[PDB]
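*Asks:* Spelled out, the chains give:
Number of protein chains: 2
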Amino acid sequence: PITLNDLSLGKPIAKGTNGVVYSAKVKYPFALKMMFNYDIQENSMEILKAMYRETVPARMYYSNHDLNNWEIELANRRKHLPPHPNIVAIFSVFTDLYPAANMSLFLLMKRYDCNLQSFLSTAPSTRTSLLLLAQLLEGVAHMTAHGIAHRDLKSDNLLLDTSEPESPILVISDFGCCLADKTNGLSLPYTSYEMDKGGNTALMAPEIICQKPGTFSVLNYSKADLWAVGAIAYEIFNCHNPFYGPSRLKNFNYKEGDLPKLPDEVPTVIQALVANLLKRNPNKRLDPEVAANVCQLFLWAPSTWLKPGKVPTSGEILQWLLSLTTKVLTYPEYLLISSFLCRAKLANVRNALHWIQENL
Amino acid sequence: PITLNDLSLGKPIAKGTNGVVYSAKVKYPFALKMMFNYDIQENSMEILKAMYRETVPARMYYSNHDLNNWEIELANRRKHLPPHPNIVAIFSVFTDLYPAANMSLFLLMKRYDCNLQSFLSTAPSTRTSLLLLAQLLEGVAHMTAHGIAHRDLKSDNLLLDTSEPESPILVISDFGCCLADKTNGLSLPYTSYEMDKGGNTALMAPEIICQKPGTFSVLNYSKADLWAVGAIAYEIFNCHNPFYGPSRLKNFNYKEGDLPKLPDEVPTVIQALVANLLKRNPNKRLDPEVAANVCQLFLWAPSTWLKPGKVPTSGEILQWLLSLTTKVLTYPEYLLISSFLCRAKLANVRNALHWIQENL
Ligand SMILES: [Mg+2]
Ligand SMILES: [Mg+2]
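Residue numbers (the entry's author numbering), protein chains in the order written: chain D, 156 to 182, 191 to 260, 271 to 274, 287 to 494, 496 to 515, 536 to 566; chain B, 156 to 182, 191 to 260, 271 to 274, 287 to 494, 496 to 515, 536 to 566.
What the hints contain is simulated information worked out from the structure, not anything from laboratory work. Beta carbons are placed, not taken as given, at the ideal position from N, Cα and C, and that holds for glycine. Fair warning: there could be bad hints in the mix.
Computed cross-link-like contacts, BS3-like style, restricted to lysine-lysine with a CA-CA straight-line distance of at most 30 Å [as the list claims (entries may be wrong)]:
1) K397/B / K242/B
2) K182/B / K469/D
3) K242/B / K551/D
4) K551/D / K440/B
5) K469/B / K367/D
6) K464/B / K397/D
7) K469/B / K551/D
8) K551/D / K397/B
9) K397/B / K435/D
10) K382/D / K464/D
11) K435/D / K440/B
Residues from chain D that face chain B, not an exhaustive set, calculated with beta carbons under 10 Å [said to hold, decoys possible]:
12) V403
13) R465
14) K469
15) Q563
Sequences and hints are given; from them, build the entire structure.
*Replies:* Given below as structure tokens:
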């Protein structure tokens, strides 16, 4: 595992009361995030959990000292997020003092070029926007499959690699608010109103913000990131996020008629996907595994699958999936497709086909 | 309108603390149900609303006295259910004193021979059972089309006319629990837990029993009767209602795998329909208009439509609809077909066709 001794620091990228991030390299394409006071004596458990949660996507953990019991209980109660192209790359996590130039938590990460709101300061291609949406969906699908909910998706913390600026790579980052517990998965008992519910923010899904507490009384997060994706899809197609600004829709109030119509430039099927994701009732929203497939099929299916027409056969689908694997053996296009083939189960690709047919 | 003076009573059919039903005739094929204490001074609104709701299917209202304001509010807030062969026939409703031998509500109805649970004490034909399911579906489609939910469908109150015992006429009865408000249709704000939710009983649909209260927080009944129809379909094909008995599935828990398999005697397409109706997620359930079409198609379509094959044409569907209208110009058979033709829209008959094809 990589520790401080193996790497050389540069300029600060960010400076704060709670921590610092430094540019870094091995012997400046890495960032070393340092969060201070990772100590049960200098902070309470809610703050420490939030620091550890940031670590959920990490590839390796390394520890100098003998683990305190809270550290052990944290580690053993946590769901791990395996690597994925659309999830932030955290190469090492380690605990260490404020020498080596406060017990501090350290995260060595890839440095990304900008966030999504900066990249969208100039309008991108309509093709670029679809690749962005597909990537986001593909990330959420990966989280949900592994019983993790981000709870704080937003333009600000989606990060991009802008080599080939016509098609960037998107990654979900900043897992500080995430739900990642082995015990309860995506269902979370909500007994007191003074409880961590994720980012208490604009893009909390209606089924979370509107739920009153009780005795199970459960919060169900299994389609909650998806709602946020819907809001963010607006930004991705050059509109205001309906739920941001001074004259502003609110997650708890909004009725589905209040949502702005998307520009005509954005395909009709995709308009519908966005309208699906933004449904108030999570039971009316697609599964993530299906919603990610809708975007992938739009992108790569035979055109006959997309026009009304249409004979669809279990054997023909498999043949098509195998045609795709060969096609990947334009780096974003490769990543998305391999991302899609990794999780493709035949049931869910038909479901997605059936959904596209019913929306024209 | 028919009032007491026009009819002659016979034996009691039922006696209770809350009211009486008498056999009756005009000058004994009618029943005159009398409910006592239809007076705000003798009963609370909850009980009166329940009494009035029993009147939702009624053909004529007649009132001796100047309506009280609570009566006025009841009437103006209520959706009316038009006549329909599979909805109980209530020819007149009138308010009257307990002389004429307590203000009492009176309902003059058709007398039916038995309820569904009695008729099924002997196993009927497999064909008879399909006729029963088709009529029940056709009732629920009629209610849902007019924004009414029964909320208390069960074997005990589905009533039959058993002339021609090979094919009986089924009617939905006992509208005391029903939702029929002009204001809110089938979407009911659910703000306190001590709220009237329909019969708080075994065949409440999962989406109703599982919903917690809040601030909109709505209860959606638009597919709830249909859930109950699924459970009842088991009884209609000689099995135990999965949700009745001592070792018993519950509406809030049951996983879709827990459901007993239906007998091999009951067609494969129909086993699927029952499985659809019993899906926990009301979005994954067919529209009532479509589900009723599935049964009708199974009964009367050209056999080419049902086997895998299969060219289905908008013009050809219309031709087949017109062939049916001529075919009805075996009284249950006539009733079902005319019931199907009255509501047949070209869109929904194709949806149903397409659904049948995908389940084989
Ligand atoms: Mg944070
Ligand atoms: Mg009653």
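*Asks:* Next step is simple, just say for each hint if it's right about the structure.
*Replies:* Hint check results:
no.	hint	verdict
1	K397/B / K242/B	26 Å, holds
2	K182/B / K469/D	56 Å, violated
3	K242/B / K551/D	46 Å, violated
4	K551/D / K440/B	22 Å, holds
5	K469/B / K367/D	29 Å, holds
6	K464/B / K397/D	26 Å, holds
7	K469/B / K551/D	19 Å, holds
8	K551/D / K397/B	34 Å, violated
9	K397/B / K435/D	21 Å, holds
10	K382/D / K464/D	20 Å, holds
11	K435/D / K440/B	34 Å, violated
12	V403	9 Å, holds
13	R465	9 Å, holds
14	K469	5 Å, holds
15	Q563	9 Å, holds
The structure fails hints 2, 3, 8, 11 (numbered hints given earlier, in ascending order).
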